[PDB]
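Given as structure tokens, the chain that follows is alone and in the form solved without the named molecule.
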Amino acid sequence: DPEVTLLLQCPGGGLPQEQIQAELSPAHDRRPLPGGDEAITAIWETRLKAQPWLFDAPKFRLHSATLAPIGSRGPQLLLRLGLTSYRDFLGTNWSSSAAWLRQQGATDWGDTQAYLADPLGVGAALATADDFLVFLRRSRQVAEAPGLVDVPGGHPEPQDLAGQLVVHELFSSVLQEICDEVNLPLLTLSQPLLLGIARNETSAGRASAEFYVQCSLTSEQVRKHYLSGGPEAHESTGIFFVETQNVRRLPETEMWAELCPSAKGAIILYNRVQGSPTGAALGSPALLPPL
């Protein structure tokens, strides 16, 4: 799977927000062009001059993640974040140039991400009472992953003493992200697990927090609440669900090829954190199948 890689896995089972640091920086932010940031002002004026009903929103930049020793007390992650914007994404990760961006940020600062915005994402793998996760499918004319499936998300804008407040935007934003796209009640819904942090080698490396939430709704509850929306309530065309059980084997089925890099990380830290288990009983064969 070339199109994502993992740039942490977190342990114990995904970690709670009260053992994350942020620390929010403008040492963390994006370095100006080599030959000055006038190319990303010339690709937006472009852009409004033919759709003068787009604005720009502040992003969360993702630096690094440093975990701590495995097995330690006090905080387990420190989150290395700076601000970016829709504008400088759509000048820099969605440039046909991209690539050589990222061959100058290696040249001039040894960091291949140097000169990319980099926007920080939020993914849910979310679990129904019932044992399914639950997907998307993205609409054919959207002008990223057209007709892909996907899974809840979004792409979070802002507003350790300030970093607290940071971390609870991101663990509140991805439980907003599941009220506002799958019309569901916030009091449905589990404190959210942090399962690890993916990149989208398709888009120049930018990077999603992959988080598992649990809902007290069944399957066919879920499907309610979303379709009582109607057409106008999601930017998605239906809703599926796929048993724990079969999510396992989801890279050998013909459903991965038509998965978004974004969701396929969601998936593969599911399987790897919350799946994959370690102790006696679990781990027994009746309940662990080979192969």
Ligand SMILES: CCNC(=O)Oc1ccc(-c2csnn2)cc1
Second form
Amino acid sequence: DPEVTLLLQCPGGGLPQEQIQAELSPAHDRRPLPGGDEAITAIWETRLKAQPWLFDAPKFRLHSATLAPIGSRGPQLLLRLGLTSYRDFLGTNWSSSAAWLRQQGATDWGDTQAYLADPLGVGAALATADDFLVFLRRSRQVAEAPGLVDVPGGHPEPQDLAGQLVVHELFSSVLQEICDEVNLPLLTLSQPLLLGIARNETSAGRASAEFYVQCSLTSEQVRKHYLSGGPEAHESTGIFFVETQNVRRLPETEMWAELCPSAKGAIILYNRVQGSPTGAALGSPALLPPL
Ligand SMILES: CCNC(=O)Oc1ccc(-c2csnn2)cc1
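Return the structure block for the form solved in complex with the named molecule; the form solved without the named molecule was the one displayed.
After this comes the whole thing, all chains and molecules, with the earlier chain placed first.
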């Protein structure tokens, strides 16, 4: 799977909100482009003169993420974050010259991402009460991964002492994205666990935080909530469910070719962090079939 790389795998089956610190600093921002940020302003002006209804929005930038030594007390993860925008994304990660920018970042800063916006995404492995994960079919009319399979997520917009408010907004945003697209009531959802961070090598390495969320509704009940909103209540064009039993071997199915890179990231981390039992009981042959 060349189109996805794991930056972080969480310990303990996934980290809760109270175990994560963030450092939000202008030291964590994109570097100005070698020939100046004029190239970004040029791409933006051209795009608005074709689609004048488009609007910019602020985004969190991921610089790096450092895990504590395993088994330790106190905070287990530090996220170093900066600020970016949708406009900066269109002029760097989405640019035809994105690979040139990665090479120049390696040469100038020893950092392939130094000239890239790299907005932080969130995504969820969302499990039902009857032990299915939830999947969504992408519109064939949109610019990114048209017609591919996705999981619930998005790119959260800003608004350890500003740090803790930023971690709160990250965890909050994955619940809000599930309520907005799946049309589930907020009270049917568990507090998220962070499984890890995955990079999309088809979007010049922009990263998504991948979370596990449990729903108290069955697959049949989730389907009813999604459809009951009508075609205008969701950007996706269908919902479907795979038994958690069958997620273990998903990379060996014909479904794997239809998954967008950020959804591959969520399923890889779900398999490594929530699946893959460590103990004698869940490890026994009858409960963990070989091959
Ligand atoms: C940022 C919103 N995200 C969220 O709530 O989950 C989704 C999942 C998929 C799509 C989508 C876009 S085009 N075809 N599908 C939209 C939303």
